[PDB]
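First, one chain by itself: the form deposited without the named molecule, in structure tokens.
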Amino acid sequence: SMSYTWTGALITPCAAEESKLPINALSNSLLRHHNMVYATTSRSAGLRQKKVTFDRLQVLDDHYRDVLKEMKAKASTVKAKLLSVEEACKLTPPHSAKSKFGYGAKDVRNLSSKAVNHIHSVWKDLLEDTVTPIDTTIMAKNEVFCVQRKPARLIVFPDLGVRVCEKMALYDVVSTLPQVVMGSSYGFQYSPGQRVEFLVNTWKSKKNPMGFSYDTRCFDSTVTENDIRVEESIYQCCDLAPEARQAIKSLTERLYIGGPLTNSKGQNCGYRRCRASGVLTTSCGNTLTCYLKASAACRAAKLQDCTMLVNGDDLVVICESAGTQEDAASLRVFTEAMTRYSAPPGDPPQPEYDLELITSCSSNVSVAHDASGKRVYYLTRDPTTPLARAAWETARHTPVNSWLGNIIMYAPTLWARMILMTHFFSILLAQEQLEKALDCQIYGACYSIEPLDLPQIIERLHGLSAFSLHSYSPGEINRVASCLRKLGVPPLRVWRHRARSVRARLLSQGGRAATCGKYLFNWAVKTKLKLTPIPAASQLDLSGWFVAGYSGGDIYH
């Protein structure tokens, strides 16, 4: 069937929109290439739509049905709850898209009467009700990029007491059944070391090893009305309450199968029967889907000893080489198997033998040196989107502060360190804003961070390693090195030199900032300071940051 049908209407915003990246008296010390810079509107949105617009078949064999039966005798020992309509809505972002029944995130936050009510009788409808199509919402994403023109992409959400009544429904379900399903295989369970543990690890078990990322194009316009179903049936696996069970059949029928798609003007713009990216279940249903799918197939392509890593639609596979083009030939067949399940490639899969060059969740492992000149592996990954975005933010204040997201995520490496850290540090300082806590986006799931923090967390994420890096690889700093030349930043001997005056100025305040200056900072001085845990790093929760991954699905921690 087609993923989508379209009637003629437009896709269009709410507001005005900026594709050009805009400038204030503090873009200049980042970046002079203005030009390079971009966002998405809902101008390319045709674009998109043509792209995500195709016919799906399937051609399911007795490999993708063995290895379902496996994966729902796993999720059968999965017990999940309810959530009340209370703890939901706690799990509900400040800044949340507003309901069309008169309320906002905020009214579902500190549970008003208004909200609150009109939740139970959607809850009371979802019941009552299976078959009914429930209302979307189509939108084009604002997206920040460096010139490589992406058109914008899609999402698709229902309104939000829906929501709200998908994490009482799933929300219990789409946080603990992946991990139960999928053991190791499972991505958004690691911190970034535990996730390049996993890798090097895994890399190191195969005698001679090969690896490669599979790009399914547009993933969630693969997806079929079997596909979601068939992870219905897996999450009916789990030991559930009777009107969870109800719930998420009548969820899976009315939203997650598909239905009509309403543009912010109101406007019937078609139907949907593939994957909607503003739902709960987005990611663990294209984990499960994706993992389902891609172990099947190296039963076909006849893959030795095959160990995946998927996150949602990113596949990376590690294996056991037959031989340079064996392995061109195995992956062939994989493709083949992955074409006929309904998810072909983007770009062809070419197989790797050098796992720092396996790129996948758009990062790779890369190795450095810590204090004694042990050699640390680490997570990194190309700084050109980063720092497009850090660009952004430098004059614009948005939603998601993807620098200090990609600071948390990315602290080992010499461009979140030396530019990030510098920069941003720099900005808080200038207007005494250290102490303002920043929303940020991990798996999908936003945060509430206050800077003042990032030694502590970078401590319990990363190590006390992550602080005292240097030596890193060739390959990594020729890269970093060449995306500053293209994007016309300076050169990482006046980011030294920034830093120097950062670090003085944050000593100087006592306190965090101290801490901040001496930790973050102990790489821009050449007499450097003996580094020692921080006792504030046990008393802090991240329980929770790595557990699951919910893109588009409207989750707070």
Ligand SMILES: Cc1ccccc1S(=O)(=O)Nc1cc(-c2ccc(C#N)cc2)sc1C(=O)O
Contents of the next structure:
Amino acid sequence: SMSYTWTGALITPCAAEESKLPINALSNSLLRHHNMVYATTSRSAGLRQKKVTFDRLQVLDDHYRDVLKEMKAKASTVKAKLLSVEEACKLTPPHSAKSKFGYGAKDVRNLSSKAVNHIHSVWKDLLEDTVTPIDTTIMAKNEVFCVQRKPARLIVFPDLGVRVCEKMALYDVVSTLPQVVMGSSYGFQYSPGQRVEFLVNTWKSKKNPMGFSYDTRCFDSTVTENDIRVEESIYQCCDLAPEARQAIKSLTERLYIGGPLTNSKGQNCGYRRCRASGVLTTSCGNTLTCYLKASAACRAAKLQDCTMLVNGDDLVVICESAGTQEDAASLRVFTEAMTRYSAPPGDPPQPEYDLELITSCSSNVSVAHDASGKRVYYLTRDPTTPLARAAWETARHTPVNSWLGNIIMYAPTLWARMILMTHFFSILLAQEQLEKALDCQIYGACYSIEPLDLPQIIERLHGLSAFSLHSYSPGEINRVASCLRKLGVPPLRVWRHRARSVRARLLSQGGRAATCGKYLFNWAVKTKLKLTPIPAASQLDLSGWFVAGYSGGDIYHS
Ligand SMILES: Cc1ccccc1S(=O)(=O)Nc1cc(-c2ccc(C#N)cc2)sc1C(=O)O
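Given the form deposited without the named molecule above, produce the structure of the same protein in the form solved in complex with the named molecule.
Next comes the full complex, and the chain you just saw is listed first.
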């Protein structure tokens, strides 16, 4: 079973692609080493195809089936509802790819008769046909990174009408099933703070903690037909409407298991027999499968009290240590098991004895001190990619504003506060666009957010301490310092000066802007302000923010 079979037709761009960092009058204020930043384009799609194309083999033992049986028992307690066409339509991103059948995301959100009519015919076809492969478009993603250059990732997705149908049949399932089956181990239920909390408590629950992150190589490509049918067997355990069962069975046989791949020009590029990266079940399916294989592998390797944290293909394990030597051996067996399950490693896993040294979801726990001098744990990450992307967003408006999402998710960090907040608020002020709502993604779901609500959002998600953290760790400070030199970012003295200016301007604006100045930049003044809770905060309806993962799921919220 080859993950893909190719015809030779190229994966074509659907419009002009820029690979070099665009420079405008603001670029240099952020970073000077422009040649360090690049965007991937279809030009490197061939290289990716080569990496993701391989044969998969699977040897499934009793630990695998024992864990599966447990997962199904939990899945059987779940009751999921079939979404209505209109409900499904409302979950569609305003700029989601237009259908090939005469309508776009806008027509869908408006419940246009044409869109609704087509969606209804697609649904009917799903119920009547459970064998015909469904077409998919394959595109090379345009993503920004800082040099070592990686090839573009491949996104595979069905037509907009099919996507609306996926939500109707499975939105409720993928939104609720994961937490029930995996409990505390399901990562997408946590906000950054709760993640840290879970990690710290788990780490503290062991007598001699040891943990590791396990990077599966090209996870989507390792997912086999068996894996995808086992995922369906789990979904089918739920209490479901008869029409939902049929739709899920049909989507599994016709789309999830595999299908023909068409490029932007309409040519047949080949065939997929692995996970599609752009379907509704990509995150839920990967999480269930990663959790299933890892849980079984933990038993096979005889890991003592293995606790796991899984987010899609991202996996981190914290267990009871048995000595550095015994640990190396177990992890080696754990890896051998995952490999037999068709989840071979990219970077071999290594045991860690310092929670701060474990990277999962590209992040790690670190510690700082609040205004009281108390140690506080928070989530941070290497700022390289976030800064490379902010550089790009400094000269170009993009669909997803990573700078805003990073400020939200990494609000307590030294780098998000010193740089992203200062840099972008400065630009927003200058352009008088403080109150303009911008789109960003959180766990794959798209949200429309007004920058002026940041203080409230940050307090809600991270607590007041996010505005007073200081005395960061030596390791964290060193990483930030190294990153700034690499990219050529101005030093602290420059950002503090800019922040004071930005703050002063915001305070003068009054209202929310004043609050932004007050809380977001209190770190810049020598005589710190009081800083206390905020009224409007409780108004924000943050329900749904950290419930489930939807990467590639074409999901949008207010
Ligand atoms: C607390 C805070 C938050 C955001 C920006 C600046 C500050 S601060 O200057 O007050 N204090 C602090 C500034 C730090 C810093 C260290 C290295 C580099 C580089 N290259 C930039 C800034 S570390 C720190 C600390 O408190 O541990």
